[PDB]
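Asker: The lines below spell out each chain.
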Amino acid sequence: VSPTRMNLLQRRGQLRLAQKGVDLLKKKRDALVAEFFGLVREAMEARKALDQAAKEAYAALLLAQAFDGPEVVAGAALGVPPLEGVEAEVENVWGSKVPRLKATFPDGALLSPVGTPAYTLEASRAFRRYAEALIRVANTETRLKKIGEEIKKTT
Amino acid sequence: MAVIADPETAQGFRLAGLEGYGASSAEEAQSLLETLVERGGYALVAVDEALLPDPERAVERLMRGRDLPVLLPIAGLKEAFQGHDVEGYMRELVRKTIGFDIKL
Amino acid sequence: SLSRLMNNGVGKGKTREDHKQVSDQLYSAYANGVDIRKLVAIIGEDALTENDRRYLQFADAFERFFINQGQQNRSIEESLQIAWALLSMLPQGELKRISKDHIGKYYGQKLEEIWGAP
Amino acid sequence: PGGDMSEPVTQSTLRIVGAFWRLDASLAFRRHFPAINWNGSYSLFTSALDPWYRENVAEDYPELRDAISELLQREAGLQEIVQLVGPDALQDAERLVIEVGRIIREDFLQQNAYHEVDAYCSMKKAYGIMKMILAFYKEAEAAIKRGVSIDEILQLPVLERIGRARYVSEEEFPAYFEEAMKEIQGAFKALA
Amino acid sequence: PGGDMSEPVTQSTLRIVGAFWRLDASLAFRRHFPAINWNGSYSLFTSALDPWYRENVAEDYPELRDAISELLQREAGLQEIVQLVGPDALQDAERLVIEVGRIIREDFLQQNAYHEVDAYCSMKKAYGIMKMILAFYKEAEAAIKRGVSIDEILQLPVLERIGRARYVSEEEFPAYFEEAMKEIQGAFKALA
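Taken in order, these protein sequences are the chains called H, S, L, G and R. For the first sequence, UniProt numbering assigns the number 4 to the initial residue and increments by one for each residue that follows. For the second sequence, UniProt numbering assigns the number 1 to the initial residue and increments by one for each residue that follows. For the third sequence, UniProt numbering assigns the number 357 to the initial residue and increments by one for each residue that follows. For the fourth sequence, UniProt numbering assigns the number 387 to the initial residue and increments by one for each residue that follows. For the fifth sequence, UniProt numbering assigns the number 387 to the initial residue and increments by one for each residue that follows.
Read the hints as simulated data drawn from the structure, not as lab findings. One or more of the hints may lead you astray.
Using 25 angstroms as the maximum straight-line C-alpha spacing, the simulated BS3-like pairs for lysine-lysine come out as follows [as the list claims (entries may be wrong)]:
no.	chain 1	residue 1	chain 2	residue 2
1	S	78	H	51
2	S	78	H	30
3	H	149	H	100
4	L	452	H	30
5	S	103	H	29
6	H	148	H	30
7	H	31	S	96
8	L	456	H	155
9	L	461	L	376
10	H	156	H	31
11	R	510	R	524
12	H	105	H	51
13	L	376	L	456
14	R	517	R	575
15	S	103	H	51
16	H	100	H	148
17	H	31	S	103
18	H	31	H	149
19	L	394	H	31
20	H	155	S	96
21	L	394	G	531
22	H	29	H	156
23	S	78	H	156
With these hints in hand, go ahead and build the complete structure from the sequences.
Answerer: Here's what the structure looks like:
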């Protein structure tokens, strides 16, 4: 750049703009950290809710295996179709899109939906609640793992 | 969606509708996970904490090409009954995310 | 803008007794509002807190009414009345620069009585 | 000499003239003539000429001119952030201002001195173009609040209609303006 | 005029002076007076005055002063972590040293000149205040590892006695000094 007074004024204007940009980016980083410190608490709560859900699902599954025997469960379990209506939508978070997961399989599609075996029905009930509660943990963690990289980029 | 865990709870997840698989060692779980990853389809995989503490480390190069697949660590059968405190997971995750490791 | 001899001409027995603290509060609130107005362009109005939105509206109301006076002739009492009418947009308790006695005497007047002829 | 505005002749002239049309070399490089630097230009005759404009052009012409200048100022303000974090980090309400400023710069301010029609422009033609631009902006500002994303608004065919109103002849303009005004209204009501 | 100390008169003065009491405008905005920047100021007369200090004021004065300066230096090293995360999320010992630095600043470095009795301070008063501050800091640091009422340490009634020594008369100073020291003893030794 050739040394002139006009160039000197232009360079000082550039310096002022850079300082203002730094001051604005620090506020953006502070806001991101403020959101992060609540998202981490939500993830922590969901993680310990999933523990109890998993434990009371496993207890029911073990009791169904023990008392009713493997054959009562396997009367339907040998031909259970898997879940296939998996939702793969996206949702924006601070200029980036993250997915949310959901399934839409019906209830009575499997063979013999009647609850004649009590423990086999209770295991499916607890596992259904488990599956419906897992998506909270999934969504909260995948949002947290992206806020954590937005903060890093800003820094 | 699929899950890799102990064989007893794996068939329970199969009853619940997930393509569960039984395993008890890290190598077979990692091999089956990377076998499931390569094909397009379901992007959600759940692994017990006794098989793969870091699911991203196994597919770290496939994840660099696409961050879409979701891998979620989870508690095992024996881990659930003995229980734990989930604060250690948060304490590790804060170091993983912001590095300062400190969270009172 | 700045005046260095300001503190000697204001107070009790000359103009009104609440002048200096009102000026300081207006300065600080405008200083917050102008920065929030540029943070909005990045993060949007949805991610703000409620008091930040109060400041964002206060800055626009300030520029609309206190500065843009046109060819009007305002006495000091009218200017102080408008200054207190702008500060009533902010909730009581955020006014850290003003004593409780002055707030208990001048806060709360609506801007609607001057809204008909700004 | 060397484009230095601190030259004694320039500063001597700057203190006695009523209008000042500063030119830019950067705009002349990219062939954006007349290359008037809007930031560094001023005119002191704006206020005294208002009674003539109301009588001879239109009753609301100064309001349209002030709206255009305000939009240009807002666009100039936002360009500090685009240099910092890129244009894709802005919200839709600011992307709309950026695109409207670009439309104004490319369509209204730009003029060709060697073209058959674009060389001369009367006052009412400029008034019509300003009215069309402001009508489009007011439609888009309300359409944003209906949840419509900006990246599909810019694909409307009426963008080409506005951008080529320069080359319309003076006697053909009163029909082109009335057709484009109805097209603006018809384009946005069926958007979403 | 430029704010920076590269101004030619300042550069010429800096080479022939022993003490350099830089002021800062930002500390004036916080209304902390005097506005001395303790990170930029320096003095070259400490070592020569040290033999006078220990033979007249107290034998433990230089070490106590160095402890105060070291504690002020430690708190300045944590200002980065406060900028990312809130002070509440910081560690208990880090919060302890931050609160000790805040107490040291607001009750030792503050002297209002317009105020009638805040404008003067002797040497014995300063020595007593530093001694009380160091005793409180050491006992609270031990009591944190004691593991009882670790959050209620920050609200002990001793902190009132620390602030009370700022305004005690010189003639009444030894009695309040004994009161504060024995209050520190009766609090930290016998609370739990």
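Asker: Compare the structure with each hint and give your call.
Answerer: Taking the hints in turn, this is what the structure says about them:
| no. | hint | result |
| --- | --- | --- |
| 1 | S/78 with H/51 | holds (16 angstroms) |
| 2 | S/78 with H/30 | violated (46 angstroms) |
| 3 | H/149 with H/100 | holds (9 angstroms) |
| 4 | L/452 with H/30 | holds (22 angstroms) |
| 5 | S/103 with H/29 | holds (21 angstroms) |
| 6 | H/148 with H/30 | holds (21 angstroms) |
| 7 | H/31 with S/96 | holds (21 angstroms) |
| 8 | L/456 with H/155 | violated (44 angstroms) |
| 9 | L/461 with L/376 | holds (16 angstroms) |
| 10 | H/156 with H/31 | holds (11 angstroms) |
| 11 | R/510 with R/524 | holds (21 angstroms) |
| 12 | H/105 with H/51 | holds (21 angstroms) |
| 13 | L/376 with L/456 | holds (15 angstroms) |
| 14 | R/517 with R/575 | holds (18 angstroms) |
| 15 | S/103 with H/51 | holds (18 angstroms) |
| 16 | H/100 with H/148 | holds (12 angstroms) |
| 17 | H/31 with S/103 | holds (21 angstroms) |
| 18 | H/31 with H/149 | holds (15 angstroms) |
| 19 | L/394 with H/31 | holds (11 angstroms) |
| 20 | H/155 with S/96 | holds (11 angstroms) |
| 21 | L/394 with G/531 | holds (21 angstroms) |
| 22 | H/29 with H/156 | holds (12 angstroms) |
| 23 | S/78 with H/156 | violated (40 angstroms) |
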